[PDB]
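Colleague: As a plain string of letters, each chain reads:
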Amino acid sequence: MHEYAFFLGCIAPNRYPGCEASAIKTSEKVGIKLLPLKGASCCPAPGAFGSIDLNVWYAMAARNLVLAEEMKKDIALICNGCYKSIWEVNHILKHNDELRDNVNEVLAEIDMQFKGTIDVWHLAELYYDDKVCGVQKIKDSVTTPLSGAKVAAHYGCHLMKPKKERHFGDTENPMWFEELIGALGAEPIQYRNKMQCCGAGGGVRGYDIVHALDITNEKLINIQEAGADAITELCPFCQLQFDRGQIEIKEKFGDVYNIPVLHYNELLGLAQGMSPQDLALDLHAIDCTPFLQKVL
Amino acid sequence: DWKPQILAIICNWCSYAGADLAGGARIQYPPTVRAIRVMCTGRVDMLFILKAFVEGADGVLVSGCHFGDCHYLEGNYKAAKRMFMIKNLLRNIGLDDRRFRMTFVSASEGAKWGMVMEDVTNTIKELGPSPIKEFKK
Amino acid sequence: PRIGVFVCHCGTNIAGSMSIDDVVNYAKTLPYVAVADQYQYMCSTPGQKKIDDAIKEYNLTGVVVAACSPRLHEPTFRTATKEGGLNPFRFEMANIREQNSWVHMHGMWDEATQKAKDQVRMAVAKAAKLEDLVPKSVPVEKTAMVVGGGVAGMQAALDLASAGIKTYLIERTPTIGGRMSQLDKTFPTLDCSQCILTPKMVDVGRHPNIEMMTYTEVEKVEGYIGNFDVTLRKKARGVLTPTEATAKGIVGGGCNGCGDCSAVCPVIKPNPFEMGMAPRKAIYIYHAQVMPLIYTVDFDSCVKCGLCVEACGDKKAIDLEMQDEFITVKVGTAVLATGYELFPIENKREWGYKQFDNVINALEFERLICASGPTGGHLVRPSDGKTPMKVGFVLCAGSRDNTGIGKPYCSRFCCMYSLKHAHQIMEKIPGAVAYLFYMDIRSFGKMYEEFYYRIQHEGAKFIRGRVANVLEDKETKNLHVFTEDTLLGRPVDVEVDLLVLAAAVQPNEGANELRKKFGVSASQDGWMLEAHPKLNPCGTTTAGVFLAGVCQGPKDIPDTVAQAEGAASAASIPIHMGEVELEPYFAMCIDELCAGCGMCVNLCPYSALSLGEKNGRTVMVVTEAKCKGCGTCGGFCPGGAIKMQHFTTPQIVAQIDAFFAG
Amino acid sequence: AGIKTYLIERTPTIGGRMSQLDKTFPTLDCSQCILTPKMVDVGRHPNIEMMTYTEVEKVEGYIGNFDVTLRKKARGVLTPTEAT
Amino acid sequence: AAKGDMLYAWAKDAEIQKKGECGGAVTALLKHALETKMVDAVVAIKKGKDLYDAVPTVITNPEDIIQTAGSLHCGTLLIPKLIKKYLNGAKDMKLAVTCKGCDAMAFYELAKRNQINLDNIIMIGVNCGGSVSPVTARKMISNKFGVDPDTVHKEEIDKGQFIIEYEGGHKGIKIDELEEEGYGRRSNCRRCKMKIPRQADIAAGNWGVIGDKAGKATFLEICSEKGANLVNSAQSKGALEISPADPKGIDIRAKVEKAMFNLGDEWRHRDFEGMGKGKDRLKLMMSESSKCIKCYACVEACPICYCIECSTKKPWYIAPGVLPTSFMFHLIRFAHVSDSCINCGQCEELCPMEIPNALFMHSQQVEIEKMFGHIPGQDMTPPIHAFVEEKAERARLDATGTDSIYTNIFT
Amino acid sequence: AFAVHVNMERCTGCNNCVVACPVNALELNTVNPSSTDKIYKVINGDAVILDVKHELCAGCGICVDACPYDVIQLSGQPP
Ligand SMILES: Cc1cc2nc3c(=O)[nH]c(=O)nc-3n(C[C@H](O)[C@H](O)[C@H](O)COP(=O)(O)OP(=O)(O)OC[C@H]3O[C@@H](n4cnc5c(N)ncnc54)[C@H](O)[C@@H]3O)c2cc1C
Ligand SMILES: Cc1cc2nc3c(=O)[nH]c(=O)nc-3n(C[C@H](O)[C@H](O)[C@H](O)COP(=O)(O)OP(=O)(O)OC[C@H]3O[C@@H](n4cnc5c(N)ncnc54)[C@H](O)[C@@H]3O)c2cc1C
Ligand SMILES: Cc1cc2nc3c(=O)[nH]c(=O)nc-3n(C[C@H](O)[C@H](O)[C@H](O)COP(=O)(O)OP(=O)(O)OC[C@H]3O[C@@H](n4cnc5c(N)ncnc54)[C@H](O)[C@@H]3O)c2cc1C
Ligand code: SF4
Ligand code: SF4
Ligand code: SF4
Ligand code: SF4
Ligand code: SF4
Ligand code: SF4
Ligand code: SF4
Ligand code: SF4
Ligand code: SF4
Ligand code: SF4
Ligand code: SF4
Ligand code: SF4
Ligand code: FES
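These protein sequences, in sequence, are chains b, F, A, a, E and L.
So for the first sequence, the authors' numbering puts the first residue at 1; every next one is plus one.
So for the second sequence, the authors' numbering puts the first residue at 4; every next one is plus one.
So for the third sequence, the authors' numbering puts the first residue at 7; every next one is plus one.
So for the fourth sequence, the authors' numbering puts the first residue at 169; every next one is plus one.
So for the fifth sequence, the authors' numbering puts the first residue at 2; every next one is plus one.
So for the sixth sequence, the authors' numbering puts the first residue at 63; every next one is plus one.
Among the hints, a few may not be true.
So these bits of chain E aren't anywhere near chain A, every CB distance computed over 10 angstroms [unchecked claim]:
# : residue
1 : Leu52
2 : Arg191
3 : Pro248
4 : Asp266
5 : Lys278
6 : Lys284
Output of the computed footprint for chain A on chain F, the stretches with three or more beta carbons under 8 angstroms from beta carbons of chain A [unchecked claim]:
#  : stretch
7  : 17-27
8  : 36-45
9  : 53-62
10 : 70-80
Keep in mind that the hints were calculated from the coordinates and are not lab data.
Just so it is clear, CB atoms sit at the ideal spot from N, CA and C, and this is done for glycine as well.
Bound conformation, chain b alone:
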């Protein structure tokens, strides 16, 4: 049973707690142990906080990293934006000496040092790796087939891009996340421009809601045209955009889709037999009941 510190940023615990609950339960069912991070905070959200000040972005991400450093554990994440912040600041401060120095003399005011001893993983990346739980182990753990459901994957942008800074391979047409959805028994479908941004990154969600919603609506149109019955995602930002933004699209525009948006951990819980009440699917703006009728 591999053990990881569970970073747990802002949106999953405070808006979609079923995501974190299913994360812990399903990760324990497969051979992974997710340990609470002691006093972790907002990973300085890369858009809304990196746009303001890169130095304080570095300092806060480094503080989050040195918490798990003192814990002597590897970070595990469930958010693409949190992955950007944590993993990328870890990578930058493992190689840039003057930035290490600057962050260290900022952190020395709170009796705290960064040395760069741990690694950062996304939970879906762990589920895909073969040393850690693999696709076959996920298939083994699945107990409810979830058959006869068309499911559209949204990769997001901060997990895989830029490919010159990550290690997940092709960004033009990846299929790894489609294999994790196929392990659950749901057939993943392909839609036009599947690698498009959801529109919520960089603080655009806050600065220009209509612009962000138009970017989201382009995706929703493509997904409905494909014929999806739900949208899996690996990011609470993207889930919030696809969930709230459907309501804001219904009100600001006149478009109705009613497409449930679920984190992959929530689908994994559904596959492994967790209850909809135990997943808190009532906390989503868009009702999941048609999808539950199909897969149950």
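Following the hints, complete the assembly by docking chains F, A, a, E and L with the ligands onto the known chain b.
Modeller: Coordinates of chains F, A, a, E and L with the ligands only, in the frame set by chain b:
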């Protein structure tokens, strides 16, 4: 009263070309190193280096082609093995082995030749006068 | 010994960095120096006259010139030393310009003067110990080899043969012609590309002075400028030419190219000439215009069914049990003309080359548009066989790219061939529109700008924007090309029926292996390197090897042919003379110091050293022709039994001693 | 290659535009410096009849024999050979 | 009997078996080879005078090898260089040579450099726990043992102590105690670790012989097919008796060999740190080497020095008449020999000026060895500079993790 | 020489994959046993395949047909 005496033995086909290119491009560096110009660095016998160090070279530099880029297919592998062994001998006779180094400078690296010149001069200046000159007496 | 020291000013390039007067007075007070003197331009005729007058007056044994680099002016001053009654090799330079002045210009003058005095002292010390050498002259075999049967190889072979030298033309493939045989029409003259080549192919096939050896490779090369012992692998073609059949005893003949064999062969495989678009049997020719019309058998795919031999009948041209024969050929010079291949553009995933059906590259487009190709010359969509009406051309596909996937250089001809293809589609399909997504149209050659003007006049759309990514419509299989029109200032989404990628070119497959066999180095770009990038673009640093064609860097057919004839001329220079002088830097074994240990023998890359019998003692023997003067053996030998002719240990040690003299 | 050659130049010196160039793209070599050896080779070659400051008045003939008439413009100064 | 067998061997001839130090198997094998005409001569050590004088001897009469029987512990000489100089390198005649570990290593060094013919030479190797200089042994016996040295009959190093047999009885003193007091084995013998010459054709010793044969049997290890043939021929013609060795004997032979390795390591340590470090080692080396009077005994005695004319004799390296000679003289030997020094000690012990040539050279050799991984004198592996390899050179440059040869090479 | 994969998560230790494998049954149930190596052994309650390098299986399907609650997947394609 003291100026470092550094001697370089540079091959004709990459290190002499690189030094010439640095000169042509007008890259300045201090005037402390004087060169010998053999055809390949395979020509460099160990006794050349040891003779330099016993005459009183504060430093010795041997510059040649990159591995795989010798004009004579493999003559700098022989030189590299010889200079590794020379580094070992100087350490065990108690002379400071950082007085000697072997750099691989291509025909197009005039800038790198200038940087090598600067770094060799700096290192020998830190090290100081060689001890042989007073140990002889 | 009596040495003269002549210090050049180089026209203030040296006098503006040091004190030439002080250097000259120091040279006068140096030991062994008879005369020291200075001049403004020692490389000029008054400078050589000054050297010669000094030699005659002062009875000089050797000459030291404190001037520019030896790599720049050894031949000049060696010839000046010869003219004057000395050996050319009693001369030594002291580089006090490119290694003293130009690097110690600013704010440091007496330091540069001291460096110059040191360099002059070391040069005088070496020259006081130099002695007479005579360059070795070696005979040159009167044959030549041309590796590559493309336009550059064929032109070089024809040029050498018509100059009268017997020539070998080695081609790995069963036919000569190269890429130009695959081209359909040629920019900017729009001539039938294959047709222009056909007379020249016939000339090569008929020339009595050319030994055309197709379907053959170069296993190994040893030797030098004089004699290159080149071993060739005659791959098992499986079919006998009439000459070989008569030699083996079959009077009725060999292969006449009737085609019955391929009419009955049941195996069907892709044709590499047609870039895989077209079928060909196990026994086959690339196209109907191949020069040796001899019908290779593909033994990796033949099932030995024996139908081909029954079809061939009494001609008996097919030998299904043939094996790779090896031949050793002695040649005087060699010309390398290996050409190029298209860079693998499936690595650029944003342009769905392998993943979308209707995305092709420019050689596949050229085969699709040729009238002899898999189609009847009709461009049709690969996805469904329908005629396109909008065609996009992605220029710079994988080129001028610093991301590590593509090539950082320009492929030279891809702007021109994309213009040609746009013209061809707009004239062959009525109402079709060509869109060129370009980033610097490069029409630099003769009539190229006029060709560009004419294409725009016929109505190709030029959108200045590098393509960002390509999406495939799920149903119509149409391709959505996304970029920005940089001049218009807006993003665009052009939906085309067919997308053509103008991919970069790279050195052919196996070219690095062949150039390592011949001893040629590579460029920064990865192409074969030339002797001097400006004034010698054909010859290489290894003597007797010359470059021709795209193998030295991408070029159009005109530039390729000019380069090929230049290489043929350079390869003919030593063959016509019949003599060639080697540089007397050889190793010479001193036998009554050799102990016969034999340890130096393995230190020679060229195998110039061996153990032999002289006066009962086993001593080492140098093949002075094979030696190249590197000095590895002579730097090894513990007993000092190997002497390097112009860089002897006493000379080098005298230089070291003079450096430490104060 | 061994053929006797005439080199006609209208100007008093060989070299051309490259002699006027200062440095050469893309290698940034001293243009005049790289040219200096080859000029010396041309001036010393026994098989080259270097005729500077000379023009071609008329040409008649064909592939076999070209009867080319040259105008040796009045240089005003004698080479050592012509002086002797 | 076959290339790896470990045997007990003694001579059938009772007189040969008495005069052998152990069972006479080296003298029975040499006698058999000579008289059955495997070999044309035999190069062994005999006493020329008192047992402190060891004289090499080429023997062709099979009647003279009984005089060669017995081991002389004061025989500090080296045989293979004599075969190259005065027997034409055994290029035309077969020989059978009795040799210690240093003499086997020297055979292999000279055969690498093509100076002898190991196809012709047969090497019967003996175990060696150390040799004493004859004059130092005399002073040892006069002072520490309190005996007149001319009284001694035999003397041997057995169980790490120096047993002498004189008229009156026998005595014994620990060799470690003697070596602390300033006597004992030679310095290079204290540092030596070539205890069982497994590179020879046969290895004979008194280690591992236990029980009823503790002084009348030789432990034989057959180390090659040539030695197997010699042994089988001798046993069949009946000049030598063979019984398979005792497993307990093999075990304690291994243990004594391992303990000798550890002792050699300890002496290597204490000597090499006794030389100093940094500029102190340069003043030690330079002040010692300023004594050299250029007798060239070190060059003429070294097995690795095979050059017709030494570079130390060339006027551009060493000034011919300047007697307080340069440090270049010894730098030229460090450069040429230190990569393959077999620690024979001949250079140290033949120096009129008492310069620690072997100590300096071995101090350099041990870590040229741990750098390049080349053990001198074991087999036909070419010297490190006579065989340079492309892949290995890449490997040592990459291991430094650096673009040059400057640093990150040593710990 | 195929590859068998056992889903440890639902293996009950029933040992009917060990008893039913005809390569396991070679040692004790054959006259003059040829090979005595075994694919499965139930260690700590779940079936462990000792045949790591996929040399002894023969794709028989006796073990896939034997497990009561399907948990053994047989791969007929090269690993
Ligand atoms: C799509 C496209 C269109 C083009 N259109 C034009 C055009 O319209 N006009 C124009 O002027 N140029 C055009 N070009 C460029 C033109 O093709 C080249 O200038 C020309 O072909 C160079 O010929 P080459 O002989 O140097 O090389 P190649 O034609 O490639 O010939 C090399 C030959 O050597 C052989 N060979 C390779 N390696 C070995 C080996 N190891 N041993 C033996 N043989 C070997 C190959 O099989 C081949 O036969 C075009 C290029 C492309 C890609
Ligand atoms: C500003 C500039 C910079 C350049 N820089 C570079 C550079 O960095 N690198 C590079 O590679 N190229 C460069 N080039 C191009 C380069 O100059 C040419 O490629 C090259 O000079 C061509 O030489 P040529 O012998 O053909 O012509 P020219 O050099 O012009 O030589 C022609 C010669 O013929 C003589 N002549 C003319 N008419 C007659 C006649 N009727 N009878 C007798 N003699 C006659 C002329 O006097 C002249 O000596 C540059 C060009 C320019 C204009
Ligand atoms: C200096 C020395 C130290 C030794 N130390 C040990 C030890 O610690 N442990 C051990 O087990 N064995 C040691 N031996 C070997 C020991 O003597 C063997 O047990 C013995 O050689 C067995 O042979 P043997 O009695 O059967 O034949 P022997 O009849 O003894 O034959 C001995 C042979 O050795 C030759 N010989 C004698 N002196 C020398 C010499 N100085 N150099 C070379 N050859 C010589 C003789 O000529 C003869 O051919 C040592 C030998 C020597 C020479
Ligand atoms: S010889 Fe060299 S330094 Fe002297 S004038 Fe000529 S180019 Fe200048
Ligand atoms: S049938 Fe025979 S002669 Fe005719 S093409 Fe085939 S091989 Fe040649
Ligand atoms: S043997 Fe059969 S498969 Fe081969 S070429 Fe002839 S007909 Fe075709
Ligand atoms: S020739 Fe034109 S299309 Fe080809 S790489 Fe250069 S700029 Fe791009
Ligand atoms: S020249 Fe030197 S290395 Fe070569 S065989 Fe003679 S002694 Fe040995
Ligand atoms: S110098 Fe020596 S090693 Fe080099 S090519 Fe000549 S003989 Fe061979
Ligand atoms: S050096 Fe070693 S093998 Fe030679 S005598 Fe001394 S201890 Fe014995
Ligand atoms: S043996 Fe001693 S004195 Fe003689 S040359 Fe060697 S070091 Fe000098
Ligand atoms: S240097 Fe001395 S100790 Fe080393 S092998 Fe030579 S003689 Fe023996
Ligand atoms: S020191 Fe060197 S040159 Fe002198 S004999 Fe020994 S190996 Fe030969
Ligand atoms: S398939 Fe057959 S042989 Fe393979 S493990 Fe199962 S029962 Fe055994
Ligand atoms: S038969 Fe099935 S449940 Fe029983 S041990 Fe085997 S795999 Fe497990
Ligand atoms: S040519 Fe420069 S190292 Fe060999």
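Colleague: Please go over all the hints and tell whether each is borne out by the structure.
Modeller: Outcome of the hint check:
no. : hint   : verdict
1   : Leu52  : holds, 37 angstroms
2   : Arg191 : holds, 29 angstroms
3   : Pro248 : holds, 44 angstroms
4   : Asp266 : holds, 31 angstroms
5   : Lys278 : holds, 28 angstroms
6   : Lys284 : holds, 22 angstroms
7   : 17-27  : holds (count 7)
8   : 36-45  : holds (count 8)
9   : 53-62  : holds (count 5)
10  : 70-80  : holds (count 6)
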